[PDB]
Structure formats: C-alpha cells, structure tokens
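Please construct the entire structure, taking both the sequences and the accompanying hints into account.
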Amino acid sequence: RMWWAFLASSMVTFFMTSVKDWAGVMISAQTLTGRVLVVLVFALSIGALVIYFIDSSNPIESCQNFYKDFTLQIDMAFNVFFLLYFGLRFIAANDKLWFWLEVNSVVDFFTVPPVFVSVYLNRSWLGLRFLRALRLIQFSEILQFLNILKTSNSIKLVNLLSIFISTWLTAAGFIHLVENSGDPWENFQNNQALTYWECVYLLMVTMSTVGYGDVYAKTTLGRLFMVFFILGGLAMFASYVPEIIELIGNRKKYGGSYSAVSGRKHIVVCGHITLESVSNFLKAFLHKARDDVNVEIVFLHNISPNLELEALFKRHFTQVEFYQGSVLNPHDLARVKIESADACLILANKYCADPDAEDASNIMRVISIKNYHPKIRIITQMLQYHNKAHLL
Amino acid sequence: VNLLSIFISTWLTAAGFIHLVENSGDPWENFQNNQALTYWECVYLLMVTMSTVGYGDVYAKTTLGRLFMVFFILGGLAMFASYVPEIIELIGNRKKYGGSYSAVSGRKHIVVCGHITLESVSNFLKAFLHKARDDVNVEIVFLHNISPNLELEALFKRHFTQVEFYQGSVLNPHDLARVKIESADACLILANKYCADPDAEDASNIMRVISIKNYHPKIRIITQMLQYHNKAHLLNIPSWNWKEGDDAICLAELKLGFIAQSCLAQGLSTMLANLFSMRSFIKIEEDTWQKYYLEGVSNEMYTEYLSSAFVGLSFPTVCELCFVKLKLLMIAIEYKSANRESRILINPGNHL
Amino acid sequence: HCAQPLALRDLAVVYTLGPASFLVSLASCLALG
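Line by line, the protein sequences are chains A, C and B. Mind the numbering: the first sequence is residues 20 to 34, 94 to 470 in the deposited numbering, read in order. To convert a position in the second sequence, counted from 1, into the deposited numbering, add 235. To convert a position in the third sequence, counted from 1, into the deposited numbering, add 251.
Hint data in this document are derived by calculation from the structure and do not stem from the laboratory. Don't take every hint at face value.
[Claimed, not checked] Under the rule of at most 35 Å between Cα atoms (straight-line distance), these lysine-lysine pairs were calculated in the DSBU-like manner:
#1 A/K331 x C/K366
#2 A/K228 x C/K366
#3 C/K526 x A/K415
#4 C/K415 x A/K448
#5 A/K361 x A/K330
#6 C/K415 x A/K98
#7 A/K466 x C/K490
#8 C/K330 x A/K234
#9 A/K453 x C/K571
#10 C/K343 x A/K234
#11 A/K228 x C/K296
#12 A/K415 x C/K453
#13 A/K296 x C/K296
#14 C/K478 x A/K98
#15 A/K146 x A/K174
#16 A/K448 x C/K366
#17 A/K331 x C/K392
#18 C/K518 x A/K228
#19 C/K415 x A/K174
Following this line, the structure appears as structure tokens:
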C-alpha cells in the first residue's frame with residue numbers, strides 16, 4: 020500500500095520575450111499548428127480515459143513493469159505528450175499564476191507524476207487518472223475548428239452535453255476510487271468493491287433523485303462526497319443550466335409551412351386579419367349550409383394573434399389553419415403554397431384612419447401575390463370606389 | 236450569506252433532533268427499540284432526504300423519529316415553496332448583454348452605434364458581410380442602449396462568429412471602454428433614416444461623434460447624415476480630420492445626386508452601384524441580356540498610385556496607354572497642390 | 252511474484268521525480284525556443 024507516494028509525487032509537482099511570443103503563436107488556435115496540437119491532445123485524452131476504463135476492472139494496487147504490458151507503455155507515451163503540451167502551455171502566457179491554478183494544468187499536475195512513478199516502480203496504482211475525462215469540455219471547440227458545427231445554438235448544446243458528461247465521469251471516477259479503497263483511519267478494511275460502471279449508475283440514480291438504493295456508498299469519505307455532489311448538482315442545476323434550458327425550450331408557435339393534401343383545395347386569406355373581421359368572414363364562409371366543405375382556409379398575417387383569435391381558430395381547427403407572415407415577403411407566400419391555392423381573399427380594415435392608405439396597401443398586396451403567381455384568382459375588399467382603378 | 240447560514244442552522248438542528256430521538260427509544264417502548272446513529276450519519280440522512288433521493292440505507296425506525304421526518308418533510312417543502320424561492324429567483328436574475336468585448340490580437344474590430352434596429356442592422360450586415368469579401372477578420376461590435384428584441388437577437392445569432400452586441404451608450408465613456416474603442420479600427424454611426432425630424436437625429440449623431448472623438452481623437456468615424464446642411468457642424472470639431480479618413484455619408488445628397496445624374500444619363504445609378512458594391516459570381520451560358528450584364532457587373536472601381544513613367548504625360552495619353560496596353564480604365568486623378576488641398580479631377584483634359 | 256514492497260533507494264528520488272520531469276520539460280522548451 021504505497022498510494023501515499025503516488026499522491027505526494029503529484030502534490031509536490033503541483034507545489094525570453096521572443097520565446098514567449100513564439101510560444102504564444104504556437105499555442106494560439108488561430109494557427110494550424112495549434113489546431114492540430116489541440117486535436118491530438120484531445121484524442122490522447124480520450125485514449126487515456128479509455129485506458130482508465132479498461133484498468134477499472136483491474137486491482138487498484140498491483141506490481142507491474144513497462145515491459146510486462148504494452149498498455150502501460152502507451153499510457154506512458156500519452157503522459158509524455160501531455161507533459162510536452164503542458165510545458166508549451168505554461169511557457170505560452172505572459173502571466174504564470176493563472177497556469178499555476180489552471181484547470182487543465184492542475185489535471186496534468188495530478189495525472190502525469192502518478193504514471194511517471196508507476197511506469198517503472200512496482201505497485202502500479204490507478205490513482206486520480208479519471209480526471210482525463212474533463213478534456214471533453216473542449217470537445218465542442220474542436221467541432222468548431224473542423225467546421226462541422228455551424229450554429230451557435232448547436233455549439234452551445236454540444237458544450238452543455240460535454241460538460242455534463244465530463245462532470246458525470248469525473249465524479250464517477252472519484253466515487254470509484256474512494257469506494258474501492260477504504261477509510262484511511264479505518265485501516266482500509268471498511269472498503270466496498272464497486273465497479274466503475276456501477277458507480278456511474280449510482281451517480282445517475284442520485285442526480286435524478288430516483289434513489290433506488292440497490293447500490294450506495296458505505297464509506298464515510300464516499301458519503302461525505304455524495305453529500306457534496308448533491309450540493310453541487312443542485313447548485314449547478316439552479317444556476318448553470320436553467321436559463322440555457324429555457325433558451326432551448328423557446329419555440330415559435332405559428333411558424334411553419336402549409337402541408338398540402340391532394341384532393342382538398344385551400345384558399346389563402348390575407349390582409350386585415352383581426353378578431354372582428356375573421357369572425358364575420360368565418361360565420362359567412364363556413365356556414366353550416368355549405369355543401370362545399372373540402373375547402374381549407376389558410377390565413378396569413380404578420381401579427382401574432384391574440385387569445386380570442388386563437389380560440390376562434392381552435393373552434394374551426396379542422397378547416398382553418400393560420401401562419402405568421404406577410405404576403406409582401408415571397409417566402410411567406412411560398413410557405414402557404416399559394417401557387418397551388420384555389421383563390422386568395424384579401425380582407426380590408428374597414429375602420430381605418432386613412433382609407434386611401436389601406437386601399438393602397440391592399441393593392442400592393444395584390445401586386446405581390448400576382449407577381450409570385452399570376453394565374454391565381456384574387457378577391458380583394460376595397461374601401462373606396464376610386465381606388466379600384468389602380469387594379470386596372 | 237444569510238440564506239446559507241439559515242440553511243446550515245436548520246440542517247444541523249434537525250439532524251441533532253433525529254440523533255437525539257433515534258439514539259434513545261420511544262418512551263412508551265422502554266427505549267429498547269432505539270437505533271444507534273452517529274450524528275454525521277443523521278446529517279447525511281437529512282441531506283439524502285431533502286434532496287428527495289431516498290436511498291433507504293439509513294432511515295428513522297422509531298415512531299417519534301419517523302414522526303419528525305414527516306414533519307421535517309412538510310416544513311422543508313413549506314420553506315422551499317414560501318421562504319426561499321423568491322430570493323432564489325432574485326439571485327438567478329442576470330443581465331444578458333452586459334459585459335466587455337475581449338480583444339484578440341490580430342483581429343481588428345469596428346464599433347457600430349447609432350440607430351441600431353432590425354432594418355438598419357439587416358441592411359448593414361447584408362452589404363458589409365457579403366460572401367465575396369475576402370477581408371473577413373474584421374469583427375463588428377454593436378453598441379446601443381436599447382436591448383435588442385427577439386428577431387434582432389436571432390439576426391445577431393446567425394452571425395455569432397463575427398458579430399457581437401453590447402448594451403450601452405457611446406455617450407457614456409464607461410461603455411466606450413467596455414468595447415475597447417481605443418483599439419478599434421473604425422466607428423460607424425447609423426442614422427434613423429425614417430424619423431419625424433431629421434435635425435434632431437442629426438444632432439444626436441453629431442454628439443455621438445463628439446463623444447467618440449473626446450474619448451479617443453485618433454479614431455476614424457464614418458457617420459450617416461440625414462440632411463446636407465447638418466454636415467457643417469462636423470467641421471466645428473477640431474478632432475474631425477477629413478484627410479485622416481473621417482467621412483460623412485450624407486444620404487440625401489448621395490441619393491438625389493444618383494437620381495439627378497441618372498436623369499442626365501439613365502443607368503448611372505446602376506453603374507456606380509455595381510461599381511462600389513460587391514456581388515457573388517453568377518454564370519449565364521444562354522445568349523440573353525443577363526450574360527452581358529454579368530460581364531458588366533464583374534468590374535469594380537479601385538484606386539492606385541501611378542508609376543513615375545506616366546509623369547510628364549497628359550491625362551488622355553495616360554488613359555490611352557492604360558486602356559490599350561493594361562486593360563485599365565482611367566477614371567479620375569487626385570491632383571496635388573500646396574495652395575489648395577488635394578482635389579479630384581474627372582477626365583482631365585490635354586493641358587493638365 | 253511480489254519482489255519488494257519497499258525501497259529506500261527509489262524512495263529518495265520518488266518525491267522529486269515529478270518535479271524533475273516537469274522542470275526538464277520546461278527547460279527543454281525554453282532552450283529549444
């Protein structure tokens with residue numbers, strides 16, 4: 020039992095202008111060298127995580143040497159490359175206290191010395207090597223350099239998922255390490271043999287607050303850190319995610335495109351779409367005495383309807399559809415499939431301040447609809463008689 | 236701190252209650268039904284209870300113990316629904332667009348302020364960020380005091396990799412310091428074209444120019460002007476240097492001059508618009524007017540210094556050689572003088 | 252199996268091996284630049 024040495028190695032390890099400019103240039107993601115270096119170090123972090131996953135089933139303390147097993151040598155090479163990368167990082171920046179406490183720097187400080195001692199010395203120990211899982215936070219970033227991700231929302235979602243998975247795996251490794259070993263004051267005889275995947279399942283049960291209880295931490299250190307993990311999880315859920323989750327939950331209601339059905343014609347109604355005008359138009363058009371029932375009315379107004387107009391649409395949902403858009407925009411005309419529409423009906427604002435302005439607006443709507451599709455019937459309402467001449 | 240303190244206080248007090256009740260037994264049960272429970276294990280039980288996990292490894296077995304936990308559950312739900320939630324929502328409030336633009340070396344940025352709405356930003360981004368532009372490293376940072384709405388938010392989002400927004404006014408020097416305007420390449424000021432009174436908006440833009448110049452005199456400012464006669468005020472600023480690069484885009488004079496010169500020769504507005512604006516490449520194979528129109532659009536209007544070989548040659552001869560031998564069309568010449576400032580000459584004659 | 256659990260010869264260097272490697276890498280980066 021020599022875990023003290025492998026812990027103290029990392030603990031002790033943790034505790094010109096021209097070359098600084100050169101290092102800043104090389105580390106910078108703006109150049110291709112830095113991009114490729116970050117890609118390589120992320121791939122190596124994934125490899126180290128896979129190595130930890132395999133070694134989880136192995137006994138925590140066992141004597142081995144480099145020539146005995148290859149995977150030990152691959153892990154050693156990964157650690158050497160991480161050491162070179164960390165040296166470049168630390169020498170890159172002007173200030174050094176940030177790199178004295180940087181998250182990636184501290185992860186390297188805690189993961190390199192244990193391997194560096196375990197490669198040649200006996201009693202190979204699966205120490206704090208699960209911290210390599212934290213390198214998945216940078217995952218979203220690499221998708222930016224590889225041009226696969228092109229949307230801010232998608233990048234943010236990938237970053238959120240990566241941070242969630244990184245925290246999950248890091249805490250799972252912590253619980254595995256604390257449970258497989260015992261309480262140091264209890265002479266390590268109170269330990270509980272827990273599979274790493276069982277620890278992941280336990281953490282998933284606890285985060286969701288299901289609490290099945292089939293598996294739980296029994297050591298004092300494990301329970302103390304479980305209490306710390308639920309504290310942190312509740313705090314993060316109340317602080318980190320909720321605003322972003324509400325952002326993801328935001329959605330437009332009436333945006334969309336009309337899904338046409340063959341054999342069922344539709345008429346597109348635009349203009350002054352308001353509760354009174356729509357009410358009158360529906361009580362006349364959709365009167366129960368019409369044998370012509372297959373026609374479907376698609377409304378197109380750029381104002382989002384209020385609750386009363388929403389209810390009016392709800393009552394006749396089987397015949398009435400609504401979309402938010404203006405016939406002036408050709409895209410909104412394309413959405414409602416007006417090229418295949420039987421007819422277009424324009425409602426007029428009868429109670430308008432200036433009748434001539436409203437008539438001009440309706441005429442220009444007619445012009446837009448005709449320009450998109452000349453061979454469509456149009457029935458437009460005219461406030462003033464002398465404004466009809468413009469249609470000629 | 237008060238919230239955390241009261242949380243810890245009630246947590247430890249209820250844990251002490253459970254420990255006291257469970258270590259002893261029920262008074263009517265002769266205390267022989269007790270459960271041995273360390274105090275820290277009681278704290279752990281309380282925390283796995285309040286988080287509603289409920290492992291079941293540790294639980295109260297006494298009648299009074301299970302009675303208290305029912306009460307501790309009801310009381311905790313009451314405090315979580317009445318006492319804390321308003322303060323919790325208070326802390327969760329955050330200003331979205333507050334912050335400072337963190338400059339990146341080698342990535343020049345321009346600061347855009349003034350009339351920042353959907354239409355102006357839409358037009359300016361459509362024309363500025365045309366895909367043909369090879370000059371891409373320039374980053375646009377917007378500064379307007381009014382928080383953007385949802386659709387302008389989406390417009391900024393679609394160009395998230397090259398467009399940033401920050402809430403503030405250029406009149407306030409702190410907001411100028413937030414966007415790092417001292418290191419900015421240039422500042423553009425957009426004008427409310429459709430305003431009730433152009434004079435007030437022009438005066439507001441002129442104060443914006445004054446504030447930006449006062450913060451840092453050595454900055455280029457491109458400002459839109461609604462009315463021609465308001466440009467004179469820009470001459471009042473000692474820091475306003477036309478030779479340095481400061482320009483006033485007077486919309487009225489430019490639009491009406493385009494229209495008048497079109498009246499003199501129809502299509503000159505299209506001429507100049509296709510000259511200075513930038514377009515994507517479209518190939519037409521079929522013999523239509525559009526093909527020839529594309530080879531017409533292909534040209535762009537440039538400036539460059541003439542070599543010493545043309546010194547001592549008249550403008551018509553220089554234009555002749557440039558067109559015949561170099562396939563370059565001499566349009567204008569910048570004349571240099573000491574008594575007068577540099578002037579543009581349009582088709583100089585033989586004498587010059 | 253199980254050659255030796257303790258070694259003072261290697262214990263005199265196990266404490267400094269981590270900082271030794273880190274400082275060597277730092278000095279190599281400084282010199283090569």
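Outcome of the hint check:
{"no.": "1", "hint": "A/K331 x C/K366", "verdict": "32 Å, holds"}
{"no.": "2", "hint": "A/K228 x C/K366", "verdict": "16 Å, holds"}
{"no.": "3", "hint": "C/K526 x A/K415", "verdict": "32 Å, holds"}
{"no.": "4", "hint": "C/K415 x A/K448", "verdict": "51 Å, violated"}
{"no.": "5", "hint": "A/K361 x A/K330", "verdict": "29 Å, holds"}
{"no.": "6", "hint": "C/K415 x A/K98", "verdict": "25 Å, holds"}
{"no.": "7", "hint": "A/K466 x C/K490", "verdict": "33 Å, holds"}
{"no.": "8", "hint": "C/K330 x A/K234", "verdict": "18 Å, holds"}
{"no.": "9", "hint": "A/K453 x C/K571", "verdict": "62 Å, violated"}
{"no.": "10", "hint": "C/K343 x A/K234", "verdict": "25 Å, holds"}
{"no.": "11", "hint": "A/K228 x C/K296", "verdict": "57 Å, violated"}
{"no.": "12", "hint": "A/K415 x C/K453", "verdict": "55 Å, violated"}
{"no.": "13", "hint": "A/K296 x C/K296", "verdict": "19 Å, holds"}
{"no.": "14", "hint": "C/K478 x A/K98", "verdict": "39 Å, violated"}
{"no.": "15", "hint": "A/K146 x A/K174", "verdict": "39 Å, violated"}
{"no.": "16", "hint": "A/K448 x C/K366", "verdict": "32 Å, holds"}
{"no.": "17", "hint": "A/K331 x C/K392", "verdict": "20 Å, holds"}
{"no.": "18", "hint": "C/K518 x A/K228", "verdict": "28 Å, holds"}
{"no.": "19", "hint": "C/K415 x A/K174", "verdict": "25 Å, holds"}
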